[PDB]
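The complex is shown incomplete by one protein chain, all other protein chains being positioned as in the whole.
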Amino acid sequence: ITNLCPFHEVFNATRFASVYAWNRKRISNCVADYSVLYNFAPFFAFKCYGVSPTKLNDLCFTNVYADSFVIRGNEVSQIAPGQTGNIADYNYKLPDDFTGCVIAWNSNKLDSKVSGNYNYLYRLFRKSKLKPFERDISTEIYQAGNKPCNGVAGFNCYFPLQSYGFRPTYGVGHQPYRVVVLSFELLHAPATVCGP
Amino acid sequence: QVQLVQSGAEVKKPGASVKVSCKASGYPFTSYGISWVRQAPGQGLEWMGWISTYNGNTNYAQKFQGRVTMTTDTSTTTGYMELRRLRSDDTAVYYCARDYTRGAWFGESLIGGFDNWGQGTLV
Partner (left out) sequence: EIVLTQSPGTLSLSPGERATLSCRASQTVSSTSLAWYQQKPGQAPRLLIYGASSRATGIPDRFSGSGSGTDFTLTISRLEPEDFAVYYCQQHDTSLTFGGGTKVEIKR
């Protein structure tokens, strides 16, 4: 096993997907080096839910799942097991038995237009709460009240995916924080990704 | 510490094919792609080729599409042009660089550029 895991492709990027439709990257045979994760670029806390970054260079897993998006600063606390909210019920679900880490960092210089950013969409209203690790992208109108809308999208029928509306001149908190979550699985399976 | 070396200067006549080698050392030749660029005297650079190393995907420019094909030998960690259809006044220096703009595994755009350059070869 001489390949090197491309962690320099998730953190190093320019076109992170939106929260309502994220990208799931699966890691295969390689050797991972966690030094650059915490030794260098300490923008925010490593926020490791299981085990610890200090002991992340000896144990190894089968596959690594990377999920990336951009969210609100005030919504950052919503990215944790056992919590619910406007993005933890219809947008992104974190299982209560989650293992791995979440990395958030400020992205003002990256995602900010003079008028603002509106390409990022998030779902607001939906029938029920999401199952863990499930994607529910769908273009449809919400039937609110007693009026069976047939695509009119008028009164009492609101489009769930709401434009986000970032800003480069507003105070902190609402400024975009880019979040990449790394998920692991330790099981009696043939080892595929292991560090030095 | 990173080292990039190539072959010596070559002289060719139109109608033949030119094979150019680029040896790389000092870094793992698996997590970075190879970018091959032209530089002709009196003008700037071009973007002939982008090649991955983990797989065989290429990103040949449409200007030279259908004429450029190059390979990678991971045993020696070398890039080979086997350029065909040589033309008279295409004499220019050739540069091989370790690219940090497109990932070698998944292929999305990166942030960066060309960080290590060879000595270039002349035909």
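In order of appearance the chains are A and B, and numbering begins at 1 in each one.
By definition in this document, a contact is a pair of C-beta atoms (placed from the backbone, for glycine too) under 8 Å apart; a residue touches a chain by one contact, two chains touch by 3 or more.
Student: Among A:110, A:141 or A:149, which residue is in contact with the omitted chain in the full complex?
Tutor: In the full complex, the listed residue that touches the missing chain is A:110.
Student: Touching the absent chain: which residues on subunit B qualify?
Tutor: 44-47, 50, 61, 95, 101, 109, 111-115, 117-120
Student: Pick out the residues on subunit A that sit against the missing chain.
Tutor: Interface with the chain not displayed, on the subunit A side: 14, 109-110, 112-114.
In this section, only the chains that are shown with their structure count from here on.
Student: From the C-alpha centre of subunit A to that of subunit B, how far is it in Å?
Tutor: Measuring from centre to centre gives 36 Å for this pair.
Student: Quick one: in the complex, what on subunit A touches subunit B?
Tutor: Against subunit B, the touching part of subunit A is residues 2-4, 6, 8-9, 12-15, 25.
Student: Under the definition above, what is the set of subunit B residues touching subunit A in their complex?
Tutor: 28, 30-31, 54, 103-106, 108-112
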